[PDB]
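Consider the single chain below, provided in structure tokens and representing the form deposited in one PDB entry.
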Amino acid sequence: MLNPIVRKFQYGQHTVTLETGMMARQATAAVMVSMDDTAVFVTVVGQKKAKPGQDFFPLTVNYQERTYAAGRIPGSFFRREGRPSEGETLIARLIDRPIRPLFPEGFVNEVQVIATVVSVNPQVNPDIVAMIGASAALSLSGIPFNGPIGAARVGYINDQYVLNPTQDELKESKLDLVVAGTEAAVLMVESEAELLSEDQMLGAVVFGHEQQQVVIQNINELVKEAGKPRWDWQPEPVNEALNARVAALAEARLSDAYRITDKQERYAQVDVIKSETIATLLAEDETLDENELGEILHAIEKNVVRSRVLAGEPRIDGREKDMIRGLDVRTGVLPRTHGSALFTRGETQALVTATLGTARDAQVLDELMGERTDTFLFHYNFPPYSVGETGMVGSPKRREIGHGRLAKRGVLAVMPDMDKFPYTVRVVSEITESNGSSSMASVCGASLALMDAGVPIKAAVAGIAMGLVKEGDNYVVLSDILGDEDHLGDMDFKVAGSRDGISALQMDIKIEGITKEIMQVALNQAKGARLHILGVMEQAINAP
């Protein structure tokens, strides 16, 4: 006979129900999570064996909304749910982003998380529910995972923070923020705001992190009851002798390579060093693992860059910790477009256009929580030539959908309403060059393109990405990070807004133990950065 294991708990003004043990017993773990009539069925499958020559962690999160959850039959020609919509892709990223860094370094077994919305209360958003589901399922599975995580939406009504506000309550909110993290630290923040201050945005992150602790505690109590035994998994043992042989051939060369400021040169040299080092070690011993040599070489790169940041030495491009790269701002670059702009920050460049249209042109979104028409469209394209590569030119990638939405949230706060400006507006950002943050270059480029098109935005809007290097209690917050400083650093911390406030805040933290003080240094240092960018933008164009 089937027996469900059920834990219920209060979370704000809602009841969260967690059920496991009777549905999908062949998955590594499966949980049915409900928050007042809104239910998501979440499963995890982790493969026991890693693939022969695997050197990257294959994690896939699939989020899918069934229309029977709302008592409706799909509006499409086939009357069936198909490829994930823009909304389903974004929520899949909301689940993926906080869980990814919690898998141990070296863990490369294939893991798949599938979340299916099976019931919906039109006042309760399934995204928070699905995130609690993924956390609970991963914690019960026994797969190496340093959770559990919680999830909380924070609003701001009457200058007071509100936990998981309903769809009706968000109409009065000056903020829509989602925060996920462990018992100890915040891992992911996604938000849009109506130009709130640095203190108001930080208080929301802290509030939501404190409120979601009841979710973490209840998953912990469910895990002690029904959790499967934790996998006997070990990282590959440290080979000190092989490290020394790689360091003897490469460290001194890689140290000089990471003082080359030009991106194209500096790789081209990094690749020569790695090729020559590996080919030399294989000439000595043909049985050596080529993947393992790449991981040791990458460990050297990381150590070279990180320790130079902590020592207070000049960064890869010669900059100091709080310097912004060179700026070039252009307006009216294309002759037949309604509004165009070319924004260049260092080796990152965005060709951004604005197009005015009519009702006809507004997007009809057949969403699960209720049909909605969209007047403001924001599309972000990242072609492979922006980083000097060749590749597919198919449909938009998940990263392109995510960054198009982030840049949209950075602009929405200053957009005129329908009474003031009764037109459909489409903004397209073409990333022509990339070396860090391209989505923040899209924010600046959009602001110039909208003004060029004569769109009466409240004020000019701009953004940057902040980085971090942290060992123990020691840390350095980096302004306007390069691609390398994002990949070898500890966070990507994006802030967008006008002169008077923050329109969007996004955090992607790759470590545990991020601190309130650190997030505040980042927010203050970010404010100075965007005021500098806005000043240059003002020189070019200051009004429609």
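Superpose the two forms; the largest set of C-alphas matching within 1.5 Å is the rigid core. Residue numbers count along the first chain shown, from 1. Compared with the form deposited in another entry:
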Contents of the next structure:
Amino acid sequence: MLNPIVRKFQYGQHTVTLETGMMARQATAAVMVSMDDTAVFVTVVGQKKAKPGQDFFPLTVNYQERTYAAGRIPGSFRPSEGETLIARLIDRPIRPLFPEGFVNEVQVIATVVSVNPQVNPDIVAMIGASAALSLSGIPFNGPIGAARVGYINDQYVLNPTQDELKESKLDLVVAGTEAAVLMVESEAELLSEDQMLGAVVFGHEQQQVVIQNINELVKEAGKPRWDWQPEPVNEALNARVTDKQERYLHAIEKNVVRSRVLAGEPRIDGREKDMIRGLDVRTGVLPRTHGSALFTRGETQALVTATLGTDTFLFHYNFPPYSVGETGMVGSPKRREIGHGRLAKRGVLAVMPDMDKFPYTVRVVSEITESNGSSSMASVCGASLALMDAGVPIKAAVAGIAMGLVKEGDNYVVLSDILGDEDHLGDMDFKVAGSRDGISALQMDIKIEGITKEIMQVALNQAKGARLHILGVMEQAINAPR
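We have the form deposited in one PDB entry; now please give the form deposited in another entry.
Coming up is the bare chain, nothing alongside it.
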């Protein structure tokens, strides 16, 4: 006999249905999530025992859309770019919630079984993974909420439909727990810092009903929590022990950098907390392409090209191994290229001219020749210069930067233009792209609690000045498209 445990709740203009304890019973947990007519079957399998010599935590999130979900039969057609991006939209918020030291293999599989053309399955899958990981018993400090925030008629809209996104000046996706925001992925039409930040708070407050309803479902049908504890801290072994290529467990060396930044001492390369690296802006680097640009920000360089033809706006991103001075594979999008490429696309999509004024298919290819701090934001700067070189009449010039944060108690330091080493060690990756008048793209990845409205407001303010500084240098080289 099969017994389905069902909980329904109102979420904006939709009803979210959660079913468990019936389908896929050999999985650690499995939920059928339905937001109106769109449905995603999410499963989580966590291995009971960790492997002997495991150095990292293996988390694999698999997203897959079925053709039968829309009621279609495939023609002449390995996950697509859209499926990989949504898989990362699930992976990013859930990853830092597994306790420090947890090494067991966990796999999340989300498959779309039904889809309404107006309701996007990406939010449905994120709620499904949040429900499954909480019902499983696997140590997971959730549950998380998922909310898409629009901006129609100067007002924030919770989970706007595909038709409502046409009127919206914002496509922000926010994820986080009851305590603090974890992820943020968005695209905007040059909105101010307060408008962008207000959207993060709006979505985080609205997604609380999702967290509350998963919690109650765990109280009713949740499997007993995994009896797990990390290997105890041994003090006997702990207390006993400018250029990136020249400089680069050393947990103590990682601590020294963190303690130096909080004290107010110069950074690893010698810069201050708000200083930007050496800039080099160039236009017309390649003779046979329509537009070419070579943007350099310290030890981060991008060779960006623009091609005109007769999707209307294509963006490609290449990350070769020689950018970091290493020998790897080529052509294979290492769980990065698709993510950073769409990030750089969202930073440029706002200033792109209308098809009525400029009826041409534009493809932008970014080549990362050097990487030492956010090559995705360097691609945003390079794209703007390459489009102006090609003769593409973009509304305004666009630049991007990456921001870092080290927080200790109530003492926090906002870092401008973070390095490769400064990423791994910070508590918050913070990428802002936009023009002199607004923000086109905003990305957040937070791992700590205590991150509030004010701290994020100061972080955006220092990011705005960092953006305006590069835009000033960019204007000195080129300021108008052919």
